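Novice: We have chain C already, so just place chains U, D, Z, c and a with the ligand on it with the hints.
Residues per chain are reported as follows:
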Amino acid sequence: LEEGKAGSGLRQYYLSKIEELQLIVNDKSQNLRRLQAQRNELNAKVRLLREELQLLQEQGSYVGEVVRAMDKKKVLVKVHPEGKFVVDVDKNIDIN
Amino acid sequence: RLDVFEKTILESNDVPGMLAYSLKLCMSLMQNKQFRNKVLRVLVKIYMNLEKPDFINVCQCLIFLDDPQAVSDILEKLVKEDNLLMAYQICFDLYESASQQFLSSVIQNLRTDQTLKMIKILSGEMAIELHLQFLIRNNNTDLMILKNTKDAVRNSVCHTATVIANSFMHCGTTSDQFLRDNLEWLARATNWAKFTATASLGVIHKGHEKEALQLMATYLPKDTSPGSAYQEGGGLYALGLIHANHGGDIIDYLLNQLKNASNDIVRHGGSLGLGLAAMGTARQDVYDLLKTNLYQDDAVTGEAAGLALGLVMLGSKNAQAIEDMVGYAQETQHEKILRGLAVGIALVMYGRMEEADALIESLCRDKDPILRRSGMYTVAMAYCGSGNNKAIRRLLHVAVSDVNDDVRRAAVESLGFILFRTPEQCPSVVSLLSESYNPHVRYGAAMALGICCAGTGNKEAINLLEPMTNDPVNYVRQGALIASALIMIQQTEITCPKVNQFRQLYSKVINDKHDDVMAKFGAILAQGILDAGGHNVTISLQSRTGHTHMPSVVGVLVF
Amino acid sequence: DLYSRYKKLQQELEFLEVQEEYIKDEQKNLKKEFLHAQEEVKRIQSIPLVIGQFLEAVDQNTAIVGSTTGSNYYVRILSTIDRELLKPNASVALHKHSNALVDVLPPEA
Amino acid sequence: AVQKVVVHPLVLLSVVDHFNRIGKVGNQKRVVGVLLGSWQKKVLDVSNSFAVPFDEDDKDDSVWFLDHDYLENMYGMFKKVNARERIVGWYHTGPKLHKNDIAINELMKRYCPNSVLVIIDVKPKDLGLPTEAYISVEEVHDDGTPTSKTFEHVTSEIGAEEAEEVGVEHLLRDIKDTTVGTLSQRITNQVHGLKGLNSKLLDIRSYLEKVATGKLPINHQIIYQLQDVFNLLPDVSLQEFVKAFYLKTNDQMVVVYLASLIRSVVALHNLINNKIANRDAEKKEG
Amino acid sequence: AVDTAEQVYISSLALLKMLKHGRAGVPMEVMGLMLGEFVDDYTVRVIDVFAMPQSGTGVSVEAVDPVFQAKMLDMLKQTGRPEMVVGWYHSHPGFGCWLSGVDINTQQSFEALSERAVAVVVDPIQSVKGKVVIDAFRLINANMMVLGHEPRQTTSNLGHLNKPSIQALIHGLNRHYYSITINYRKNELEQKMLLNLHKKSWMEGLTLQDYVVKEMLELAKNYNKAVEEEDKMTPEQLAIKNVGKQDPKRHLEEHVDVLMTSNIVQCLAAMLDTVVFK
Amino acid sequence: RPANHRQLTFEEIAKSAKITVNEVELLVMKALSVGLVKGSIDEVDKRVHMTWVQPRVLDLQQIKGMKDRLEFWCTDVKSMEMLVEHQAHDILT
Ligand SMILES: [Zn+2]
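Chains as they are written, first to last, in PDB author numbering: chain C, 11 to 106; chain U, 159 to 270, 320 to 766; chain D, 39 to 147; chain Z, 5 to 290; chain c, 24 to 234, 244 to 310; chain a, 284 to 376.
Just chain C, with the same shape it has in the complex:
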């Protein structure tokens, strides 16, 4: 061929050299894509605390004291200044 299949490889070498060069620039982008998605997930984390705060926004959230446990899954709640309460399930952590 002589134009050619010896020269075209050098032509294909330029592209493959740039392809590896691009892959180097892509490898610089790929790990940098993580720094985005990370902070993009962290941008959802500040919105996760915002969304979670809306659940805790109205009255806040309290701390109770359980004097006795029932098999019906209703658990008695007691606050120190307040009176005793009770609530239906309410199942999060293992009951044991």
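Derived from the structure by calculation, the hints contain no laboratory data.
Cut-off 25 Å, straight-line C-alpha distance, at most; resulting in silico cross-link-like pairs (SDA-like, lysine to any residue):
#, chain 1, residue 1, chain 2, residue 2
1, D, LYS69, Z, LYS279
2, Z, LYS287, C, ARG43
3, C, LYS94, C, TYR72
4, C, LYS88, D, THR100
5, Z, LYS33, c, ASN210
6, Z, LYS287, c, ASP279
7, Z, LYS83, c, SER78
8, Z, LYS28, c, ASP63
9, Z, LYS129, c, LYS222
10, U, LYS357, U, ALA396
11, c, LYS209, Z, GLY30
12, Z, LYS279, D, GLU58
13, c, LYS253, Z, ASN254
14, Z, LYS252, c, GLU247
15, D, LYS70, Z, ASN278
16, C, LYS55, D, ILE85
17, a, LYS298, a, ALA314
18, a, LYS301, a, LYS313
19, U, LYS210, U, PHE163
20, D, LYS134, c, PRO187
21, c, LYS257, c, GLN269
22, Z, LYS204, a, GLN337
23, U, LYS720, c, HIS183
24, Z, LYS83, c, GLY79
25, Z, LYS214, Z, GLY200
26, c, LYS310, Z, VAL240
Specialist: Frame of chain C; chains U, D, Z, c and a with the ligand shown alone:
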């Protein structure tokens, strides 16, 4: 240059197919269509000068050169050549490929035995019945999953879900099943739900051009006049499905029901029935009554005025159409008139790559939220079938910098319309958009892989859609169900292992009452999407014809 | 054929070349959007606040705090400082309605 | 009396939405209404108002009418819901004032001791912070004219309020705030020369026009007086900075020094810590 | 019979008296009235909102004076547009703006007067600038419990408004009520000047006006030096050594980027010498 | 004059005002109480320094003298202000 190219194609020996596949390669790699067809027009001449005749070359220049005088002379010689066998290939090739505008031009010069044979090929008469008999054979009906979604007993969203789901697997069989089995359950439907009963009746009955008239006479709006006015409004839109592309005698059937009884909700199904029937025909009288429907000022009828106008004027690029549409967009008080007009001016401009860019500058730049959605559906159809880098520039800018979430959605949805030639590029470019915190972008991000990769069997799109149905937002899960149902069409478990995994998930979430009614609507619908046409028929925008598929895109973009 | 692919291969080369400004322009915007999100969390709750007494750190991202009225409140901690100013027993400011854990005393007033 | 006024975007819109009211029916003149002021101190503030049908004939250039049945009973309406809100004056959209505007204020002085008129603008154009405000006094004149009633300009400034930024500042959504410290101050500098030196050229051409025509205004004397206060430094050729020359760079002394000192250690924080965390993940993975 | 989901077009002028009259009643709850036009079943517009007398004894259905409206509508005739009344609204600043026990008693009375009578609530507290807040609702008839109880068609305009679902007691009122969609028909003419009037008044008043030297940098150097050692002990704290201490911990922020912008403030403000002068 | 050329030599005051060196004190310091000039006097070289200024009336040559030295501040600053806009618009964007 085209000089030395003539010497390269004329080189001795063979080169048996080197001119054949090069046109397939050049069409993909050519950025500027200017001198592309100039290379093709001189190629199809040396095919005829060559001793061995080849009819796959004239198939390519027919659609690209779109010369009505050239396509008339090639078959005029075949009439004198008197052999119907060799011309039988280009007979149906001109049918399935060429659009409605080119079919109307070629049918006139040709008909001016072989004259009776060309009537049913371009009108699709015999083409419907041969595939009408294909359906009833290969169709395998499964009523199990249909009943598993029937017993949920949800008062709303159920009437729309099951009647659109059975129409999937029942395509073209014309049989009546869910109408006869339960009369009372269909009577429980009301408002726009009974609009679907006469509508989905035209789905199962799609094709079968003969009996479509007298079979639906029970739903006639003029004579019956049912108590609910929305039941009689779907009879006009029902036959428009069957009459998509090619028309028929029903043109008078729509004319009789537009002037009587129901108003204006007749114009809703009437214009969509007449507009889809005149789609691609560049008809006039339909454009006349569509302008006064544009000025009716009613919001619901505004969709029917815009959607039917882009249909009839598709490929014609009417100047006064958009001028009356976009000229009415500023002072109108409703969003729905802006929506049908958004796709209306989008549907008329297709595949230009240049002329449509004059309107694109006005659409996206304007501050109207719906008109910015209009620019995306307009730039999609204009750039459909190309990887141009000028469209992706403003495509991301409106998908990010714009404050409205609904326009960001429709923005990333335009990637599936333009890139369907090379579907491999969509999972890469839409990847980073899948982590967007707002689910409105993820709804369109999932659709971009759904509409573009529907024909492909790519497993990576299935992998990217796996976390989409795991997201806490309800409708992004639904958008993941339809999109993952498009990738599996006609593909069984032996193709990809995720088939049976998704099939059990569709019936699961809909039988679970704790799940949202929203997402579970697309569950049984994802089944039907996989079961569409009894698994017999697929939806492919990329075919040997090369043309886009208008009814599937228009239907899924409205959906 | 080798020049064919030689004219094919620079596409994704240049297609990823425009993908360089794709992310780089996108990530800096979102970076400024993330810096704008820093003003968000610092905006909440602004004023007013109510004093409360910290009891113990039960786990990550949340802790229990006794109110000045005496009722112990279980509140999600702020994502900024989870550790050094927590302390076993300290007086921490809370929001009126939400009683949000934000900042403790120096100590102390 | 009235020194400066505070115009909220809410009450200014009450003039703008009435421009849609009588704008569709036309025809002549403008939008005019009576202003409800909130006066807690010498600084004037405006919260709400009520627009009244009003017309001013051309021919007949001196003809004007407020509807005072609209003014009386509707006052008892806003007074019943808001006890603090009362009428401090009137307003209109201008853009300029015809001579007839002298009689609108003097009629309603029975309602308020001094009625402040607010000229507003429905279409924002130029040159800056919009609308306008006038106060009604009598300065007579030096030439000996009979007592001259001429409205003196009152500086107008926009102000905010709690709970009113909910829907107002929401709809824009396209603004970048701000960013203070980088672009915020420098864009002003490019404009401070523009808006600073354009009024410089507009006035210096009208001040040259004085000798030509339009004399009076003589002015007098306010024109050159504060211009000579501008003349503490001219600054002309060349800058007369011989005393401020060494002081010029001496103000840049520490600003460049710290910028040299901070970027050195900020690098030590950026460069070191980046190299550490990078090679810890990079090479230990493969 | 046929019921379609309604779309509420609010005018920028009607948005004013919602928060403004609501601010005048703060903390206590007010009672207003909505003014607009009924175009059709699936869309509705409120073209005006006016203030009604606040009740210091608590909100009641008699708080609205019928001669107050009769004298108002007559004053609206001489005003540019005399449009018919539509519905009512009330502020609820003290809580999350939900329909109270009085709000349901004034529902059947107002829905008898006018067809829809959309219930609209608003609160100042939930945010300041960048949130719509407010509220809206429409009574679904409890007599319909015999019929289908799940309107409306064209769902997710409700369904999406059904997000976030706003805790419990709010959506606990979704029994006998359904909310309504609020979108803004474009006022952008006014909305364009709303941005121009706001930002120009916030840009140095002329843009000119605004445009502790070394000492502010001597106070800054304490933040640019004395803060460095407490910042640069942490990399020596990152050295364990090695390694018994729990890792990773990133102390790089926020002081580094603050001192960056701290120079950005001081450099361009010192450019005022080169910018303003010559 | 455009000055500054702010501080003035006593011989110039001894020329225009034609006052003796010993009486220049009472002269310029009395103007300090009148309010036409606040400038303190430098008594080492006996040069009288000026601050602020007192404008009086105007003349036809004062407007022409204004446009010379007033607009000169407008054309000089805006010329180099474009240099601030030109080069620094790239780092803003
Ligand atoms: Zn109430």
